[PDB]
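Given the coordinates of chain A, work out where chains B, C, D, E, F, G and H with the ligand should sit on it, guided by the hints.
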Amino acid sequence: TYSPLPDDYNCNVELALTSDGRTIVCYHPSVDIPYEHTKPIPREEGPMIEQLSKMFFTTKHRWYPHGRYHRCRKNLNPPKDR
Amino acid sequence: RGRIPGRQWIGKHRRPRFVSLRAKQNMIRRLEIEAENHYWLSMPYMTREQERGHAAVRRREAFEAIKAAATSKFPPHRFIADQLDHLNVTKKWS
Amino acid sequence: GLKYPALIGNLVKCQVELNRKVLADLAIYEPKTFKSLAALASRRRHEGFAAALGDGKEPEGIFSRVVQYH
Amino acid sequence: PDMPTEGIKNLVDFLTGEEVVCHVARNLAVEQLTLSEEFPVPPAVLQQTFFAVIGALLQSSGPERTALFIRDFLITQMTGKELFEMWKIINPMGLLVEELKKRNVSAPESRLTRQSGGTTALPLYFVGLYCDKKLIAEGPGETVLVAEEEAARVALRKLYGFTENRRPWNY
Amino acid sequence: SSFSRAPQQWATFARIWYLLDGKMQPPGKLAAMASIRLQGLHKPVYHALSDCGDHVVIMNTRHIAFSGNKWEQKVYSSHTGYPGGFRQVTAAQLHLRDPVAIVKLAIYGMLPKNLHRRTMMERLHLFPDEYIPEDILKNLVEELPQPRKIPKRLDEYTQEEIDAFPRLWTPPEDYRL
Amino acid sequence: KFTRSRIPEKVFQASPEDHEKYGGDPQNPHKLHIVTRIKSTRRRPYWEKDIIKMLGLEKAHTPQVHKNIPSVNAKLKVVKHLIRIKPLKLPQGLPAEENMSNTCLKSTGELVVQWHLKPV
Amino acid sequence: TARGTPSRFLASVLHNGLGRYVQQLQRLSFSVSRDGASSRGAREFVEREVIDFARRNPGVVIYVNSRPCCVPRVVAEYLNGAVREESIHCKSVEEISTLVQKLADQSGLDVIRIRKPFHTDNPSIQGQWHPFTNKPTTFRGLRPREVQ
Amino acid sequence: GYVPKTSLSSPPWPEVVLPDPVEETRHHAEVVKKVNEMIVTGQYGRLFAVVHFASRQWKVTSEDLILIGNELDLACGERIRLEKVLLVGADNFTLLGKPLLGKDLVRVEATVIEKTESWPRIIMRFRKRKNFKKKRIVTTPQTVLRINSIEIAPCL
Ligand SMILES: [Mg+2]
Numbered sequence: 001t002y003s004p005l006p007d008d009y010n011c012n013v014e015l016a017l018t019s020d021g022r023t024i025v026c027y028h029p030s031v032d033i034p035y036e037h038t039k040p041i042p043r044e045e046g047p048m049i050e051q052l053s054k055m056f057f058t059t060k061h062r063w064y065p066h067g068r069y070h071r072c073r074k075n076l077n078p079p080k081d082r
Numbered sequence: 001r002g003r004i005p006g007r008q009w010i011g012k013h014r015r016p017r018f019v020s021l022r023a024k025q026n027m028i029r030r031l032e033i034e035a036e037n038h039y040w041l042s043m044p045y046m047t048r049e050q051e052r053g054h055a056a057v058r059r060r061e062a063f064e065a066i067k068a069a070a071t072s073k074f075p076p077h078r079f080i081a082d083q084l085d086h087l088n089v090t091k092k093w094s
Numbered sequence: 001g002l003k004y005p006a007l008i009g010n011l012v013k014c015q016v017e018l019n020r021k022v023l024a025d026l027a028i029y030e031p032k033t034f035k036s037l038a039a040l041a042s043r044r045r046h047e048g049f050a051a052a053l054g055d056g057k058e059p060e061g062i063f064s065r066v067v068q069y070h
Numbered sequence: 001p002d003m004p005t006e007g008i009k010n011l012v013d014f015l016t017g018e019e020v021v022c023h024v025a026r027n028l029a030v031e032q033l034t035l036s037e038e039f040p041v042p043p044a045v046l047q048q049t050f051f052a053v054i055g056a057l058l059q060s061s062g063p064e065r066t067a068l069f070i071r072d073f074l075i076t077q078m079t080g081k082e083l084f085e086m087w088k089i090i091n092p093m094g095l096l097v098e099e100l101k102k103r104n105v106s107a108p109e110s111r112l113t114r115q116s117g118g119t120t121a122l123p124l125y126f127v128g129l130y131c132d133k134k135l136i137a138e139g140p141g142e143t144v145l146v147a148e149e150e151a152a153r154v155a156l157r158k159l160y161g162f163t164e165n166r167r168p169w170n171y
Numbered sequence: 001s002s003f004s005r006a007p008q009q010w011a012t013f014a015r016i017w018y019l020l021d022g023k024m025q026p027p028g029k030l031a032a033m034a035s036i037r038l039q040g041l042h043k044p045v046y047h048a049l050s051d052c053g054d055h056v057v058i059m060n061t062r063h064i065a066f067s068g069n070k071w072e073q074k075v076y077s078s079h080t081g082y083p084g085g086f087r088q089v090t091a092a093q094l095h096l097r098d099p100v101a102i103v104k105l106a107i108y109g110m111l112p113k114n115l116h117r118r119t120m121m122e123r124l125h126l127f128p129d130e131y132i133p134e135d136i137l138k139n140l141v142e143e144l145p146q147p148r149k150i151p152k153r154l155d156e157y158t159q160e161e162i163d164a165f166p167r168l169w170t171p172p173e174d175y176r177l
Numbered sequence: 001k002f003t004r005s006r007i008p009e010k011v012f013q014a015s016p017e018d019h020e021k022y023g024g025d026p027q028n029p030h031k032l033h034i035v036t037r038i039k040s041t042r043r044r045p046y047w048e049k050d051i052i053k054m055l056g057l058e059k060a061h062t063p064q065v066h067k068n069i070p071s072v073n074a075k076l077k078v079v080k081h082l083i084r085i086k087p088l089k090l091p092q093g094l095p096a097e098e099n100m101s102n103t104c105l106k107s108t109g110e111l112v113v114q115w116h117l118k119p120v
Numbered sequence: 001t002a003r004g005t006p007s008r009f010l011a012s013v014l015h016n017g018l019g020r021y022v023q024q025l026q027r028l029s030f031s032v033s034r035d036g037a038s039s040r041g042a043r044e045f046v047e048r049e050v051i052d053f054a055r056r057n058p059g060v061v062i063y064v065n066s067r068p069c070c071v072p073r074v075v076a077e078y079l080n081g082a083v084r085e086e087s088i089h090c091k092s093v094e095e096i097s098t099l100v101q102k103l104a105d106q107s108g109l110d111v112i113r114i115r116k117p118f119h120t121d122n123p124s125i126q127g128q129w130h131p132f133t134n135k136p137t138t139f140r141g142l143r144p145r146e147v148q
Numbered sequence: 001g002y003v004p005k006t007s008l009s010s011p012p013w014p015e016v017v018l019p020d021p022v023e024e025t026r027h028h029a030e031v032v033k034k035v036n037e038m039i040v041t042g043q044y045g046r047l048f049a050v051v052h053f054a055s056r057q058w059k060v061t062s063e064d065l066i067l068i069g070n071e072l073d074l075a076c077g078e079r080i081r082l083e084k085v086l087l088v089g090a091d092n093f094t095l096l097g098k099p100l101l102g103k104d105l106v107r108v109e110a111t112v113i114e115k116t117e118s119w120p121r122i123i124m125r126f127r128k129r130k131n132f133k134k135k136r137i138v139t140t141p142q143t144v145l146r147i148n149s150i151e152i153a154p155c156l
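Chains as they are written, first to last, in the numbering used here: chain A, 1 to 82; chain B, 1 to 94; chain C, 1 to 70; chain D, 1 to 171; chain E, 1 to 177; chain F, 1 to 120; chain G, 1 to 148; chain H, 1 to 156.
Source of the hints: derived by calculation from the structure; they are not laboratory data. Worth double-checking, as some hints may not be accurate.
[What the hints assert, rightly or not] Under 8 Å between C-beta atoms, here's a sample of chain C residues computed to sit facing chain A:
{"no.": "1", "residue": "3"}
{"no.": "2", "residue": "5"}
{"no.": "3", "residue": "13"}
{"no.": "4", "residue": "31"}
{"no.": "5", "residue": "35"}
{"no.": "6", "residue": "40"}
{"no.": "7", "residue": "42"}
{"no.": "8", "residue": "51"}
{"no.": "9", "residue": "63"}
{"no.": "10", "residue": "67"}
[Unchecked claim] The list that follows gives simulated cross-link-like pairs (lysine-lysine, DSS-like), each with its CA atoms no further than 30 Å apart:
{"no.": "11", "chain 1": "F", "residue 1": "1", "chain 2": "F", "residue 2": "21"}
{"no.": "12", "chain 1": "B", "residue 1": "24", "chain 2": "F", "residue 2": "21"}
{"no.": "13", "chain 1": "C", "residue 1": "21", "chain 2": "A", "residue 2": "80"}
{"no.": "14", "chain 1": "E", "residue 1": "138", "chain 2": "A", "residue 2": "54"}
{"no.": "15", "chain 1": "B", "residue 1": "92", "chain 2": "G", "residue 2": "102"}
{"no.": "16", "chain 1": "H", "residue 1": "5", "chain 2": "C", "residue 2": "3"}
{"no.": "17", "chain 1": "A", "residue 1": "54", "chain 2": "E", "residue 2": "29"}
{"no.": "18", "chain 1": "D", "residue 1": "133", "chain 2": "E", "residue 2": "138"}
{"no.": "19", "chain 1": "F", "residue 1": "80", "chain 2": "F", "residue 2": "53"}
{"no.": "20", "chain 1": "F", "residue 1": "80", "chain 2": "F", "residue 2": "118"}
{"no.": "21", "chain 1": "G", "residue 1": "102", "chain 2": "H", "residue 2": "134"}
{"no.": "22", "chain 1": "F", "residue 1": "1", "chain 2": "B", "residue 2": "24"}
{"no.": "23", "chain 1": "H", "residue 1": "134", "chain 2": "D", "residue 2": "134"}
{"no.": "24", "chain 1": "E", "residue 1": "149", "chain 2": "G", "residue 2": "135"}
{"no.": "25", "chain 1": "H", "residue 1": "135", "chain 2": "G", "residue 2": "91"}
{"no.": "26", "chain 1": "D", "residue 1": "134", "chain 2": "D", "residue 2": "102"}
{"no.": "27", "chain 1": "A", "residue 1": "39", "chain 2": "G", "residue 2": "135"}
{"no.": "28", "chain 1": "F", "residue 1": "118", "chain 2": "F", "residue 2": "89"}
{"no.": "29", "chain 1": "E", "residue 1": "149", "chain 2": "A", "residue 2": "54"}
{"no.": "30", "chain 1": "C", "residue 1": "57", "chain 2": "F", "residue 2": "106"}
{"no.": "31", "chain 1": "G", "residue 1": "135", "chain 2": "C", "residue 2": "21"}
{"no.": "32", "chain 1": "F", "residue 1": "106", "chain 2": "F", "residue 2": "10"}
[What the hints assert, rightly or not] Using C-beta positions, here's what the derived DEER-type ranges look like:
{"no.": "33", "chain 1": "H", "residue 1": "29", "chain 2": "C", "residue 2": "51", "range": "35 to 41 Å"}
{"no.": "34", "chain 1": "H", "residue 1": "69", "chain 2": "E", "residue 2": "125", "range": "46 to 52 Å"}
{"no.": "35", "chain 1": "A", "residue 1": "62", "chain 2": "G", "residue 2": "80", "range": "38 to 44 Å"}
{"no.": "36", "chain 1": "D", "residue 1": "19", "chain 2": "G", "residue 2": "60", "range": "27 to 33 Å"}
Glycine is no exception: its CB is placed at the ideal position from the N, C-alpha and C atoms.
In isolation and in its complexed conformation, chain A is listed as follows:
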């Protein structure tokens, strides 16, 4: 009956121990989203920069462009990872 954490999200909690007490074992079965916990799918520079900032909730500094120095300093062939 004891539960160190509430088993109501992500997965359950079941700490186990071996007979020798040398290795710990666990059983964390994933929790399924109930059926009653959902909802039915229902069915110019200055002004433009200000509108973009209000839409993206960002500052008006990064919207302006940069000189050719930073443009050329940018790497167009980044290292493909994964």
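Only chains B, C, D, E, F, G and H with the ligand this time, still in chain A's reference frame:
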């Protein structure tokens, strides 16, 4: 606004440094270790009178070995092998 | 639902030595593993508290009791 | 065994396509021995030479050695390549409905589980797929339709056992 | 799990909205939690270059309760450009003339002192009343636990708990109070 | 003038309470100590540095054993504020010719001769 | 000096560790000089070490130019196409042997910042973490401040 | 010694209680048997192990690469068996020793691909008006490893 004389760690006036709990606990544990060391250093075993010459042989042997190693200080030897192999810098093929 | 100092202490009080890099990697790419680790840490914390309160006699924590070596 | 014939044929055509073949040939120094014309060698001639070398290894060594070579090279070339990315499909809902009909007829009740924000130009809806009050899979997405498509794709992956939690291989 | 590359990335790097409430609570802990949620520290993938954060919405900023006597001690001063413009307004006056400034300055000072501070502040919203726009209301998701526990006045303990609490002394039967 | 700090005789005098607190005993005392420097040699006089160099404690947090004799006793006391002292009690016999490769120091002074890598 | 030097993520040329192991070293061209004191080591190598090195791994072919050269060089090609044209001017036989062994052991990958010494293809097994993790779900998923 | 319920009569944290030792051991044995049966049935998929090699704990999974900053004196193309694992699992279950796990319980198969060197690292030291200018280049050795697979047995 807190204007104080030049250099806060010397002179007639200095900024008042205050102690915290970390330094207090550090000093406490250091004093505990020191008391443990003091207690451990309160129980001899030979009483001096029993150590009037129990290992002088080892000291004499070590001193003799050091003296022999020092007196051995002499330049190295020489061989004709290296002087003759130095001529191989112009090794030629057929 | 835990803190870093208590979590690290409980993890160290179980012979489960794990560096911080692996812990972060698991928390990032394995939420269930970190959840199980946090549950074990909370269990160890509760066991240690119960022991300090009642001095054991004679449970000694089912998860405690380090494995001796020679 | 849960994959259909169409998907298997598409995966075979992809592995035996041109990009992977060219990559393997260029990584095995095969292009340096391709007696062809107009350097660099085109992909068709390169693939033809690669298949000829495979047939040569077959006629020389044997079926077991060729199968081992295949398992070690071609099957290994598709380790990180996720499903669908290699076998492009259109309208995953149709394929999901077909698979369900093959298994059990039951319209998946597309339901919204979680949503982040709303009308903020940067949403994140977690569209699910309830199959008789029993969710089979789910996946997030930018919009609602894209989220449902991703959920259907993840459901198809789970059905075909191609998820990331599958078995690596047996060497 | 599976999840394709681009959708999985967009999901793991998504912006979530939260809701905070005052009503007889200190502003320090609220501002600290707001900054922790804005900087993305609450997430396990916290980093400045990643630009991870979450919008924080605070309501009922007019019912903030300070500890001690900070209402007549905390001076929110600010000097202007022209000379002699050294304004030294107290907390009570600043709240009476602007009830949406205390928590604002608290979160501004709590956040790091980098260029991302302005962006993290713009990501935050404040409202001095229960009225909230429909867009933000629909954007809100979940509600983290509140900081303070509220002392609870005598008009809420119910008569049952009051009767359960026994007396402690016996005043004289003829005490004029 | 900061002269050579000396120590009186009343300091090093273990009392029954001290013996009861620790595990040591007067009768049949230990024969070797476990010296381990826990403080740097810098910021200390030159004679203390010379004593530390003679005792062989260059690398801190390193175990060392010395004779438990009045001379070595005073040599240790000279830097007591810079070294950790503990007794070297051997549960079993001393390391014989056969027990020289499989050994271990172990904390709390417990030189084991049958050092293995298996659980109890 | 990493910002002013190209980098590359750690990865293999063909995942040789999974299946069969293929030698990344392709060919080796030695430019030894017959008459010249600037190639005694290369000559001694080609004399009493190159044969053993070639026989220790028959999956590599070696050439011997033996032309009038003033500085002996070695061209270490690779399958991917990289070339490591190093020089062995005045070097002992042991040094040249160790250099050849190192060249044969390494791959054609560039010698720059490796960044992250690990290439985990599928680092997520129990589901990648997302903002909607370790959180419950109210009845009917009713967002806060929602009547119906 | 009764204490009326007040704001500080009892601690703020919840006073939880642990179960009995007999039932706890029974549940432990039950979960161990369940995990053993699940492992025997072959339900796991894509295992992962935290191998503590080269004095570093790597979150190894499968088909991943590892680069060590030293030499091991091993011909490229030889199978290696790693040990010192202490965190094995996959989905719906985990395994960890105290600290290391049993040798017969886990088996990590790895191989060697290449033995390269590190990029030219530059060492430099400088001081103010002391004419201190020291320079040195270092190229430490490097290696590459590839874990083929991670086997597991029902040894419990
Ligand atoms: Mg001054």
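Status of each hint after checking the structure:
The criterion of a C-beta within 8 Å of any C-beta in chain A is not met by residue 3 (chain C), whose closest approach is roughly 14 Å, and the hint is violated. Among the interface hints, the one on residue 5 (chain C) is violated; its C-beta lies about 18 Å from the nearest C-beta in chain A, farther than the 8 Å criterion. At a threshold of 8 Å, the smallest CB-CB gap from residue 13 (chain C) to chain A is about 13 Å, leaving the interface hint violated. At its closest, the beta carbon of residue 31 (chain C) sits 6 Å from a beta carbon of chain A; the interface hint therefore holds under the 8 Å criterion.
The closest approach between the C-beta of residue 35 (chain C) and any C-beta of chain A is roughly 6 Å, which is under the 8 Å cut-off, so the hint is satisfied. Residue-level restraint check for residue 40 (chain C) holds (minimum Cβ-Cβ distance to chain A is 6 Å; threshold 8 Å). Proximity of residue 42 (chain C) to chain A holds as hinted, the smallest CB-CB distance being about 4 Å (cut-off 8 Å). A distance limit of 8 Å between C-beta atoms decides the matter here; for residue 51 (chain C) the minimum to chain A is near 16 Å, and the interface restraint is violated.
Using the Cβ-Cβ criterion of 8 Å, the hint placing residue 63 (chain C) at the interface with chain A is satisfied: the shortest such distance is roughly 7 Å. The beta carbon of residue 67 (chain C) is positioned within 8 Å of a beta carbon in chain A (closest approach about 6 Å), and the interface hint is therefore held. Restraint check for residue 1 (chain F) and residue 21 (chain F): the C-alpha separation of about 38 Å exceeds 30 Å, so the hint is violated. Simply put, residue 24 (chain B) and residue 21 (chain F) have alpha-carbon atoms about 23 Å apart, close enough for the 30 Å limit, and the pair holds.
A hinted pair counts as satisfied when its Cα atoms are at most 30 Å apart, and residue 21 (chain C) with residue 80 (chain A) qualifies at roughly 24 Å. The straight-line distance between the Cα atoms of residue 138 (chain E) and residue 54 (chain A) is roughly 17 Å, inside the 30 Å bound, and the hint therefore holds. A distance of roughly 29 Å separates the Cα atoms of residue 92 (chain B) and residue 102 (chain G); the hinted pair therefore holds under the 30 Å criterion. This hinted pair checks out: residue 5 (chain H) and residue 3 (chain C) have alpha carbons roughly 29 Å apart, not beyond 30 Å.
For the proposed pair residue 54 (chain A) and residue 29 (chain E), the alpha carbon gap of about 28 Å is at most 30 Å, so the pair holds. Between residue 133 (chain D) and residue 138 (chain E) the alpha-carbon distance is near 27 Å, which keeps this suggested pair within the 30 Å criterion. Taking the CA atoms of residue 80 (chain F) and residue 53 (chain F), the gap is about 14 Å. The hint holds against a cut of 30 Å. Note on residue 80 (chain F) and residue 118 (chain F): the hinted pairing is violated, with a Cα-Cα distance of about 38 Å set against a maximum of 30 Å.
Taking the CA atoms of residue 102 (chain G) and residue 134 (chain H), the gap is near 29 Å; set against the 30 Å cutoff, the hint holds. For a cut-off of 30 Å, the pair hint linking residue 1 (chain F) to residue 24 (chain B) stands: about 29 Å separates their Cα positions. Taking the CA atoms of residue 134 (chain H) and residue 134 (chain D), the gap is about 70 Å. The hint is violated against a cut of 30 Å. At roughly 22 Å between alpha-carbon atoms, residue 149 (chain E) and residue 135 (chain G) fall within 30 Å of each other, so this suggested pair holds.
Annotation: proposed proximity of residue 135 (chain H) to residue 91 (chain G) holds, straight-line Cα distance about 24 Å (limit 30 Å). For the proposed pair residue 134 (chain D) and residue 102 (chain D), the alpha carbon gap of about 18 Å is at most 30 Å, so the pair holds. Of the supplied pair hints, the one linking residue 39 (chain A) and residue 135 (chain G) holds, its CA atoms being roughly 17 Å apart against a limit of 30 Å. In summary, the hint linking residue 118 (chain F) to residue 89 (chain F) is supported, as the alpha carbons are separated by about 23 Å, within the 30 Å threshold.
Under the criterion of a C-alpha separation no larger than 30 Å, the hint pairing residue 149 (chain E) with residue 54 (chain A) is inconsistent with the structure, at around 36 Å. Restraint check: the Cα-Cα separation between residue 57 (chain C) and residue 106 (chain F) comes to about 29 Å, which is no more than 30 Å; the hinted pair holds. For the hint pairing residue 135 (chain G) with residue 21 (chain C), the CA-to-CA distance comes to about 25 Å; that is within 30 Å, so the pair holds. Proposed proximity of residue 106 (chain F) and residue 10 (chain F) is contradicted: the alpha carbons are some 33 Å apart, above 30 Å.
At about 23 Å, the CB distance of residue 29 (chain H) to residue 51 (chain C) disagrees with the hint of 35 to 41 Å. Against the hinted window of 46 to 52 Å, the Cβ-Cβ separation of residue 69 (chain H) and residue 125 (chain E) comes to about 49 Å, which satisfies the hint. Checked against the given bound of 38 to 44 Å, the beta carbons of residue 62 (chain A) and residue 80 (chain G), roughly 39 Å apart, stay inside it. At roughly 29 Å, the beta carbons of residue 19 (chain D) and residue 60 (chain G) sit within the given window of 27 to 33 Å.
Hint check: violations occur at hints 1, 2, 3, 8, 11, 20, 23, 29, 32 and 33; the rest are consistent with the structure.
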